[PDB]
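Just one chain follows, in the form deposited in one PDB entry, and it is written as structure tokens.
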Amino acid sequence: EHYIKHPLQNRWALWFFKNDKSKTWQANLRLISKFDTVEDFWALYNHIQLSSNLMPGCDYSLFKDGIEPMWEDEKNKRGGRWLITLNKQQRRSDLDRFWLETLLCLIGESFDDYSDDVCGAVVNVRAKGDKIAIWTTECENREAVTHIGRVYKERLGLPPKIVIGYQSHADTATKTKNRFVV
């Protein structure tokens, strides 16, 4: 039809984090923008820095609107994350392409029957090694969590020999073991 924008299943919110406003973690979160079409996603993506050009200590988070990008949210507190850990050199080679693929997985509803279990994703730019993660709502749904992990691994193009792990947020927040691996 040409003149109609292509709507997303969900409205998404993009958040930025930098540790330069407050000594309390959550007061450093900024809501950047919300979008609910493919066209509006790309308009936003085109305006913002690549993750590799952010100062160490910064995060982007993309979460379904209504879910705050923190453990304490009702939809994250029983949940967990699939974690991708990058070495320092992968900031250059893999970080930006992995983050974009992650964004496309989310907005495109790429987890078929288990897409509702996905809450969001987070990229941490860190001097010790960058991290990307997909956050899901219930760490005890073995079927949903494992399916999501397998989709994610396939979409990043990681070979069978590379193993990724899922951690519950409850475990991450306690002073971490994997609940699942794929």
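Positions refer to the first chain, counted from 1. Take the two forms, superpose them, and find the largest set of C-alpha atoms that agree within 1.5 Å; that set is the rigid core. What changes on going to the form deposited in another entry:
- Core-superposed comparison between the two forms: CA of residue 11 displaced by less than 2 Å.
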Contents of the next structure:
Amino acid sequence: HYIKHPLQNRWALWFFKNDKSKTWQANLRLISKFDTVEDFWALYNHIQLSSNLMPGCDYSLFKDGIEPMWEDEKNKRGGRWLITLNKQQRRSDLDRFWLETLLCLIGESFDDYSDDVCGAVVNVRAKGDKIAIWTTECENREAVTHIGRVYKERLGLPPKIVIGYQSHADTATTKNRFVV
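Hand over the structure of the form deposited in another entry; the form deposited in one PDB entry is what we had up.
The next block holds one chain only.
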């Protein structure tokens, strides 16, 4: 209890402020970095909930040294598992899904495919909120599909409900490379 509990990885929380007068990259803001469980909660418990963000804003949680953008060396050959949520329940459920996603990352829930995880992003959007897990290599089928399945399970989505993975290259130029 008196000693801090180390995480496997150091993580960085980023915030994207919707400001149309600036370039996309200039609207990114590094909030803080942490590498223990206690320091995660100290950060999480004292920042604004996703459900209280303005539309067009994002939070991103990425491994230290990976910027939360397509162009990063660790993202550019990769892709995302994308979850698009109904608007009605944002007040009720966005925060829960985002926290569950954060806990998957920091707890290293993806087993032997932890190295493939880059981070996660929540987009607060008028057309529907999105949460996604970003991975490093779209060609790594085993890793991508394991991460997908574990993530789907941790969100509680049933067997019927299929989610899709798309490469960042395809998004930035959309079909699913993989589904689980």
